[PDB]
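Given as structure tokens, the chain that follows is alone and in the form deposited without the named molecule.
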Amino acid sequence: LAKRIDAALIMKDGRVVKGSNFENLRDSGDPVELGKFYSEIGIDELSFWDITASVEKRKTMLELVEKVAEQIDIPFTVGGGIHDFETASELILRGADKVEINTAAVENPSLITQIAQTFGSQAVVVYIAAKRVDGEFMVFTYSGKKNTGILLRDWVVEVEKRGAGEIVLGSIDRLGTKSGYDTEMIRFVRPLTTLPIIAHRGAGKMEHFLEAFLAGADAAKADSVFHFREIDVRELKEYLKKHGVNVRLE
């Protein structure tokens, strides 16, 4: 299939955390308006990641999904502390196409299967945050705070076995950096799974997307490099097409 370009939007109390540099927008911190704009300039799928600390979180995420679904016509994922089936189910029913789970899946891998039983594997995205520790790739949970001691190699295989649809491979070794995706990590995981692999963390320039696809990623996700306009999405797609990557153009 075509390689996919995804934008992730970090959200808190209904606002895009740190906003965006698109002066054309009425509200460059409105996740709905920013997502719509991305969907019109060539992003293929959107991820919305909520860090609303608790009490209002569940209603906030539901209202976000509802507003996004009304306005955008490309697939989107919602994530951020989805811990059980009923939470996932209400978000999908309210409009999300996929849910993106990490810590709760590691703690109870049957959650992957439970969501997929009702909504299909394609509705379940597992975000794997991994880091090198003593020469092994290890899985981390709780926003990078906890080394689970679970090997990336074992967790990728289990995630597919449990019925996930896609894996987002986030390199903690690239968090905050702009040096490139962790192509070694992507190459490590590629032979272990038939699932789509979505690279995350490390992108700083268009060439980094080419590198990630050469490494075997099926999609590449980024956030601040788009929001602060270090990379233009349309230029990126034109660049990838020029160098032989199958991406969707308009």
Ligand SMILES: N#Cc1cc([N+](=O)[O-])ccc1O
The other form holds:
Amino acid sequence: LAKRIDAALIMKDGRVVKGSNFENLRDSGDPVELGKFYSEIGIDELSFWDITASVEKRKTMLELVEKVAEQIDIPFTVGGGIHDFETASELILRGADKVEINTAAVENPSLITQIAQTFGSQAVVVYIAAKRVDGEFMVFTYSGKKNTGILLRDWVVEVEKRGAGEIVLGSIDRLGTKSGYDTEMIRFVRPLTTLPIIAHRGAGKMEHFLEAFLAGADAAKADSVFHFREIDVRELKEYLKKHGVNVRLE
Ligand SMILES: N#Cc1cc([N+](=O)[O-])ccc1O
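Having looked at the form deposited without the named molecule, could you now put up the form deposited with the named molecule bound?
Zooming out: every chain and molecule, the one shown earlier first.
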């Protein structure tokens, strides 16, 4: 398929954490208005990742999904503390196209299969946060706090066997950097799975998107580079098409 450009919005209490620099918006911290804008300038998919407090979280995530589904017409995912099938199901039914799961899937891989049984593999995105430890790629849970001791190589294979539709490869080694996506990590995973690979963490300039697609990613996800306008989405898409990448333009 065409390569995909994804914008991720981190949220809390219904607000975009740290907003954005788009002065043309009524509320640059409103996820619906920001995501609608991205959908108009060439983002292919939106991912919303929620970190609100336990009490208000479930109702907050459902309201977000509901509000997004009304105004936005591109596919979108939702994630952040989705721990079980009933939570994932109610978010998809309320309007999300896919859910992103990480820690809960590592602790119970059958959760992938559960969700896929009812909603299809295409509704299940497994986010894999990985880091080099003593020379080997290991899987981390709990927002990067826990080395599971599971090898990336092994978790990828299991994720596909259990029925996931896509994998996000979040390189903890690149969090908060602008040096590029972890293309070595992407290239290590690419031969192990037939699933779409989404690159995450490290992007700082448009060239990094090209590098990740050459490494074998099928989609590239980023957030702050777009929200703080270090990279313009339509410039990025024109750049990638110029250099031979099959992306979608208007
Ligand atoms: N997608 C995604 C995503 C995942 C995590 N995470 O597994 O901490 C954090 C932020 C994100 O945007």
